[PDB]
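Engineer: Fit chain A with the ligands to the supplied structure of chain B, relying on the hints for placement.
Number of protein chains: 2
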Amino acid sequence: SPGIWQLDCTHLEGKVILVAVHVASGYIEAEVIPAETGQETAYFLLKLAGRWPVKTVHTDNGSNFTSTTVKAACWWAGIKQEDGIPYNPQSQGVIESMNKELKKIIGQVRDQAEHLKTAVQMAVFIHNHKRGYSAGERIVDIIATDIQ
Amino acid sequence: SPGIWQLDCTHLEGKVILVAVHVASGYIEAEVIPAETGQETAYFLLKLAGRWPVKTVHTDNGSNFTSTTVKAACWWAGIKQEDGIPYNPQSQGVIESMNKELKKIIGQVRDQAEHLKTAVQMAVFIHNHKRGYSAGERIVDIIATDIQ
Ligand SMILES: CN(Cc1ccccc1C(=O)NCC1CCCCC1)Cc1ccc2c(c1C(=O)O)OCCO2
Ligand SMILES: CN(Cc1ccccc1C(=O)NCC1CCCCC1)Cc1ccc2c(c1C(=O)O)OCCO2
Ligand SMILES: [Cl-]
Ligand SMILES: [Cl-]
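Note that the protein sequences, when read in sequence, are chains B and A.
Numbered per the deposited numbering, the first sequence spans residues 57 to 187, 193 to 209.
Numbered per the deposited numbering, the second sequence spans residues 57 to 187, 193 to 209.
Incorrect hints may appear among the rest.
No copy labels: a pair is met if it fits in one copy or bridges any two.
Listed next, the in silico DSSO-like pairs over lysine-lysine satisfying Cα-Cα at most 30 Å (straight line) [claimed, not checked]:
#, residue 1, residue 2
1, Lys186, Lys127
2, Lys71, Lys156
3, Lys156, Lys186
4, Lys136, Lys173
5, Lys136, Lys160
Hint data in this document are derived by calculation from the structure and do not stem from the laboratory.
Chain B on its own, in the form it takes in the complex:
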């Protein structure tokens, strides 16, 4: 559980927002890309695994589960690649709610930048800092406890 992440893809302004969520804490990382490809997903995972101890990634769809480039990034980074089937149905709702919340925050900051990528990083900041612990505090505490 300290090492489990979930990929999530949502759309805004004709672009794709790729999100990785640390399941146990709700902490997120995100980026803006023109379209979701295996190559871009692979690169996103390489970045993620260099920054946090990623043991397992539940992929966001079957195309990314199948992608040889995504499989190659998971091999490279020592990540167990898994499907994202919501065997627990509450998983769908949680991700849906998170996407709605993210878009709401993006709307609240949207006029503070020209480019969507900038607004998305402001939204990541606000989400991770919101408290009563924050998601950012929770992920560090969870991982630190696991190390000790």
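Structural biologist: Chain A with the ligands in isolation, oriented as in the chain B frame:
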């Protein structure tokens, strides 16, 4: 000290590698950009502060210290912007050694990707995982202790 980071700019393949180092742990984040501008530095700091609790950033040069866009990103993210003058002379050497080490790692992975950005993220991964604790373990432990 848990919240203190240092910016660092190095060059490879006619491009710029922008690095943020967590001073107490040696943990790094990095990106590749065509050239170091205030805007790109500002965006890099916004990303960093959404991911880690950044209290203070020592800027890499006077242009980034002066930059109104960098100052604006520091204001936005609640970061104290400081100079990077090595009042302790060993600071120069440490950064110089880190850049040499990074470039060595990049050379060791360079043929595993077409694009420099990919090789840089592999290098970040290897640096942060190298042990006997790793930099990634150190940063989490330092910040977790501070939270509690
Ligand atoms: C040049 N932009 C001016 C601007 C334009 C429109 C509205 C507000 C502002 C404004 O000054 N925002 C306040 C402040 C908020 C904290 C972050 C820094 C900007 C901002 C900007 C800076 C660096 C970038 C950008 C962008 C962008 O416009 O998206 O895009 C990606 C590449 O790095
Ligand atoms: C398409 N590339 C094929 C390739 C080309 C040359 C040498 C090796 C390989 C190769 O297959 N490497 C193994 C593996 C290593 C772990 C990561 C996934 C690739 C790799 C690649 C994937 C995603 C990207 C890339 C790149 C890139 O080439 O830089 O660039 C930035 C955008 O996301
Ligand atoms: Cl798409
Ligand atoms: Cl430059």
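Engineer: Evaluate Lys71 and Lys156 at a C-alpha cut-off of 30 Å and name the case that applies: within, between, both or neither.
Structural biologist: within (16 Å within a copy, 37 Å between copies)
Engineer: With identical chains treated as interchangeable, where does the CA-CA distance between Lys156 and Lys186 reach 30 Å or less: within a copy, between copies, both, or neither?
Structural biologist: For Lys156 and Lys186, only the intra-copy Cα distance (16 Å) is at most 30 Å; the inter-copy one is 38 Å.
Engineer: State whether the alpha carbon distance between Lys136 and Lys173 is at most 30 Å within one copy, between copies, both, or neither.
Structural biologist: Both: 28 Å inside a copy, 23 Å across copies.
Engineer: Taking 30 Å as the upper bound on the Cα-Cα distance, should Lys186 and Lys127 be classified as within, between, both, or neither?
Structural biologist: between (33 Å within a copy, 23 Å between copies)
Engineer: Is it within, between, both, or neither for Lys136 and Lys160, if the alpha carbons may be no more than 30 Å apart?
Structural biologist: between (32 Å within a copy, 28 Å between copies)
Consistency with the previously given hints is maintained throughout, with no hint failing.
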